[PDB]
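Enquirer: So the chains spell out like this:
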Amino acid sequence: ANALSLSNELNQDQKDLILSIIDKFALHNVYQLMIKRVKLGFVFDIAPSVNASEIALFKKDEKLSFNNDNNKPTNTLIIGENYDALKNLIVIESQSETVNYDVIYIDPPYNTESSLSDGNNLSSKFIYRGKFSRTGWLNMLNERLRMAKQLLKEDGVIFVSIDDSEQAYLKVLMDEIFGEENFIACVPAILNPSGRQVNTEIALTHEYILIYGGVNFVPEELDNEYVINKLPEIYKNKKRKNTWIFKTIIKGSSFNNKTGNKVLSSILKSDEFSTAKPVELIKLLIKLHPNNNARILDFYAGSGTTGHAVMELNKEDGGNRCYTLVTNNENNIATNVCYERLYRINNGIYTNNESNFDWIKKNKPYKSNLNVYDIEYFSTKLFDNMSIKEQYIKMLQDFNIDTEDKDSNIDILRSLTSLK
Amino acid sequence: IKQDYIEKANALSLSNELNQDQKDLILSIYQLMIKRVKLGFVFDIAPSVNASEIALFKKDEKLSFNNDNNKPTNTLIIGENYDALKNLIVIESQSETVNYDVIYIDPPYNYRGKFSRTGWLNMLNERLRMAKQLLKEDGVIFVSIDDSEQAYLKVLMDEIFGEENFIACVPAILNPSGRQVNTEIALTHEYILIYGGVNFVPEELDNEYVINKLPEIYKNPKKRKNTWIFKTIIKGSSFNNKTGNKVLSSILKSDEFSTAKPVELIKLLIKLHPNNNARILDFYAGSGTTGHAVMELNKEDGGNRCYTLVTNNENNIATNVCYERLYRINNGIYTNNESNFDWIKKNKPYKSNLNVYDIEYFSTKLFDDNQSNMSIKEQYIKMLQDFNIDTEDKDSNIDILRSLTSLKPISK
Ligand SMILES: Nc1ncnc2c1ncn2[C@@H]1O[C@H](C[C@@H](N)CC[C@H](N)C(=O)O)[C@@H](O)[C@H]1O
Ligand SMILES: Nc1ncnc2c1ncn2[C@@H]1O[C@H](C[C@@H](N)CC[C@H](N)C(=O)O)[C@@H](O)[C@H]1O
Numbered sequence: 012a013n014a015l016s017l018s019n020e021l022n023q024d025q026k027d028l029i030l031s032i033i034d035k036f042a043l044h045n046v047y048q049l050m051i052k053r054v055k056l057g058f059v060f061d062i063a064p065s066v067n068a069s070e071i072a073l074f075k076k077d078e079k080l081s082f083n084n085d086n087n088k089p090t091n092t093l094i095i096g097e098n099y100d101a102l103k104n105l106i107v108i109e110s111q112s113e114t115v116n117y118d119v120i121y122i123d124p125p126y127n128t129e130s131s132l133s134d135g136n137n138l146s147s148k149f150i151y152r153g154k155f156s157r158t159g160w161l162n163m164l165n166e167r168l169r170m171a172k173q174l175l176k177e178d179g180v181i182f183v184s185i186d187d188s189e190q191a192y193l194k195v196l197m198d199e200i201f202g203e204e205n206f207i208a209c210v211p212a213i214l215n216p217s218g219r220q221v222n223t224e225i226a227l228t229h230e231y232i233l234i235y236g237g238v239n240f241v242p243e244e245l246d247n248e249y250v251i252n253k254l255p256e257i258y259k260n362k363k364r365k366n367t368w369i370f371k372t373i374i375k376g377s378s379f380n381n382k383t384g385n386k387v388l389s390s391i392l393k394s395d396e397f398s399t400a401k402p403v404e405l406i407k408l409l410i411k412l413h414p415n416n417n418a419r420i421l422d423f424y425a426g427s428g429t430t431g432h433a434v435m436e437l438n439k440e441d442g443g444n445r446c447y448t449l450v451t452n453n454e455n456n457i458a459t460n461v462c463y464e465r466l467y468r469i470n471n472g473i474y475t476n477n478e479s480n481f482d483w484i485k486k487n488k489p490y491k492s493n494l495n496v497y498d499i500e501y502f503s504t505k506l507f508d513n514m515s516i517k518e519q520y521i522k523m524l525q526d527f528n529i530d531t532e533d534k535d536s537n538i539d540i541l542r543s544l545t546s547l548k
Numbered sequence: 004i005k006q007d008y009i010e011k012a013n014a015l016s017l018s019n020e021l022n023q024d025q026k027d028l029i030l031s032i047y048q049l050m051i052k053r054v055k056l057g058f059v060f061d062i063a064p065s066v067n068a069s070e071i072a073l074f075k076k077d078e079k080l081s082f083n084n085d086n087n088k089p090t091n092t093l094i095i096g097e098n099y100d101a102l103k104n105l106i107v108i109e110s111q112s113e114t115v116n117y118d119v120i121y122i123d124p125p126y127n151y152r153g154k155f156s157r158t159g160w161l162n163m164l165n166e167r168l169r170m171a172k173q174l175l176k177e178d179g180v181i182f183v184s185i186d187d188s189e190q191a192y193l194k195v196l197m198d199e200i201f202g203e204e205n206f207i208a209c210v211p212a213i214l215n216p217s218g219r220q221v222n223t224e225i226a227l228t229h230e231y232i233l234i235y236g237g238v239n240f241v242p243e244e245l246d247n248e249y250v251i252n253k254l255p256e257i258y259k260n361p362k363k364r365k366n367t368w369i370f371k372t373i374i375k376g377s378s379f380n381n382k383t384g385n386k387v388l389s390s391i392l393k394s395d396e397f398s399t400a401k402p403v404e405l406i407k408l409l410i411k412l413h414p415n416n417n418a419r420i421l422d423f424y425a426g427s428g429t430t431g432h433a434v435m436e437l438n439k440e441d442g443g444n445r446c447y448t449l450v451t452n453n454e455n456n457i458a459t460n461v462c463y464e465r466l467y468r469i470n471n472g473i474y475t476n477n478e479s480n481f482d483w484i485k486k487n488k489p490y491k492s493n494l495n496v497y498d499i500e501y502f503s504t505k506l507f508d509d510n511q512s513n514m515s516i517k518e519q520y521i522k523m524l525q526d527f528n529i530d531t532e533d534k535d536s537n538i539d540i541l542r543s544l545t546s547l548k549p550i551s552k
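Chains as they are written, first to last, in the deposited numbering: chain B, 12 to 36, 42 to 138, 146 to 260, 362 to 508, 513 to 548; chain A, 4 to 32, 47 to 127, 151 to 260, 361 to 552.
Residues of chain B clear of chain A, computed beta-carbon distances all greater than 12 Å:
1) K488
2) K491
3) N495
4) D498
5) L506
6) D526
Pulled a few chain B residues facing chain A out of the computed Cβ check, cut under 10 Å:
7) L28
8) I62
9) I213
10) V221
Simulated from the structure, these hints should not be mistaken for lab results.
Where is the CB? At the ideal position from N, CA and C, for every residue including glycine.
Taking the hints into account, I'd like the entire structure generated from these sequences.
Expert: Below, the structure written as structure tokens:
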């Protein structure tokens, strides 16, 4: 109704027939499919997000969840499909106070082949929701980025890291989701200064960081000392403190692709996981948000670099930020790499109670706490009882929500329809 | 009852383009439902071409000049690049060796309903497809574009030239110290979108040049010469946007044109194409930075390169800004018998050639007039000869009538 008024009349006669479909009628799903056909702009065939029967709730792994200091910020790690986690994350925030996250950072699978190899699907080709190649990859992030928006604060930021293989298409896609007026920058990251051998006989040296602000977000200025030590090539040559406006280019020794990977290898004692972001890159991004107690989210958490980064910044910043992570355990990367890295960083002993990894020999343990959650799926038929309601309340209670005045609802269980 | 036939068709085929749920929504919810959706941009109807008018070039003999028959011959066209491109396609079709090795353009960024008729992106769609027609198999096209509009152009050039041929999206750090626009942030970079037709491989860069011009980027021979593969980052002292603006004002002794690109940037790009004798095209020529760069690269490289420029007289720029630049650089003296501007006190004149053409419009039914049809027919032949075409073919009336129907200007 309102969306059609905004679109106006490029093809109005067809709209009159579309308006007839509303009268005949689970409507918004059909409207989105229609609008794509008639739309005048960037277009692709969206696939309808058909809510499966099952429902998704958080179950806390009490053995894996640890807590070293009650005074340190409380942090969260959700293990499972990020589509189900985000549905649960939104329900938690609604029933909660101080709603939504101050910062969002994600490193989604760049390539269409990379997504299939070790991630979501539905095995010879990449197919998502009956769609192949780019349409799949686009459909994927559209529905996740829609939710991510719902979770972002009015004065919040969302950072996204992309390759050249989907960057332009994601910036157009994110323009639709977050609004083209809120596009802040498309910052280049020279993470491979030496240049990687590329099929087209060129030395691809760079990467992007799409920044989209909430409607009234103003980026924070960088501290002189941080900018001189960390980004010496970009900042060189008088009220309050000495600060720098963020320059839309990221390049420096700390911000190498090899740095982030070597760190992980040193903590994990394993080079199995080969794609990690520089911890310093993410510190710089979250530094752009003025609240140094910001709530950071990263539903493509991978090796937990976001978590380690927040912790490092807190040590240097002097403020207490909490992070929420989500990552599926495809080949255990979620269970093995995220937990191991975060555990070893926090306590200095391996899960096998062995302390031989190089990192702890070099630096001291952070001594923070991490809550681990799983995704348990219950049947829609059994929904359409007492066990579901019971666990939902535990989830809310798990996140420090006063549950004396909250009850299970059909509206809320409808919100948590899982993905097939 | 028509439902039964529609239901049968739905049940008959499904396949990739339809999701089982999509089929369920098509039957649960007809030409609109059966319409196919392509991944990319949908555009409003563009401005119709004038069926009752044609455009032709007409050399300005007073303005065009020649200094050295051994140096390459270059071209400057004044007017709407859409009408200019339509002629250039007719010129190449009748030319012995067809089409350009290098296209560089820096279009304007620009409420504008993109995808609309006069929308910034629609007009670029129309002109880019023609430039696609004007590019050789083993050629390149460079477009400079800003932080915000870079993505829409990239997916467009994906449609027009194909994503298979996307080479790089180079960040050019052309404002080392940022400038705040649209938001509280120091915007420091631009993008260069590199596309090439099949059979094009970028040339490696000379160590000596790479070291002086880009020392920050090419930090520390099996073959014959020292070569660096092109890194997708352009940070240099000589790649400043203020640098290109000071050069232009060094020549013109005027600050009237504020958005001049550095010539070192456009040198690095055309220096990316293999052969020294290359044809460069730039149908958004602005102040002619592309022309200055081809000549300067020729002085450094030793190869003879010809450029073709096109720019309109929006604010008289193409006459005052673009021509004066090219003129004062070739001739070593202002056009009005003066010689006191800075550039020529610091560097030698190139002493090269340049031809200036205007775009003239002649209403149809002037063919009905006997004296006008001949005038148009001779002006068409004069074009070809001005661009070094033999003209033995297409002298007849049939061939001329086929190429004149191809040159129709835009609606105004
Ligand atoms: N549908 C999905 N649901 C949950 N996790 C996913 C999904 N798709 C990909 N992932 C994970 O998200 C992470 C994406 C990574 N590229 C992120 C890298 C991360 N920035 C790091 O420093 O390690 C990987 O661990 C993937 O296995
Ligand atoms: N339809 C058009 N036809 C010809 N020129 C145009 C047209 N639209 C814009 N322009 C010109 O294209 C140029 C685009 C400039 N931004 C390019 C600047 C140029 N690259 C320089 O370094 O000086 C401007 O001079 C515009 O006046």
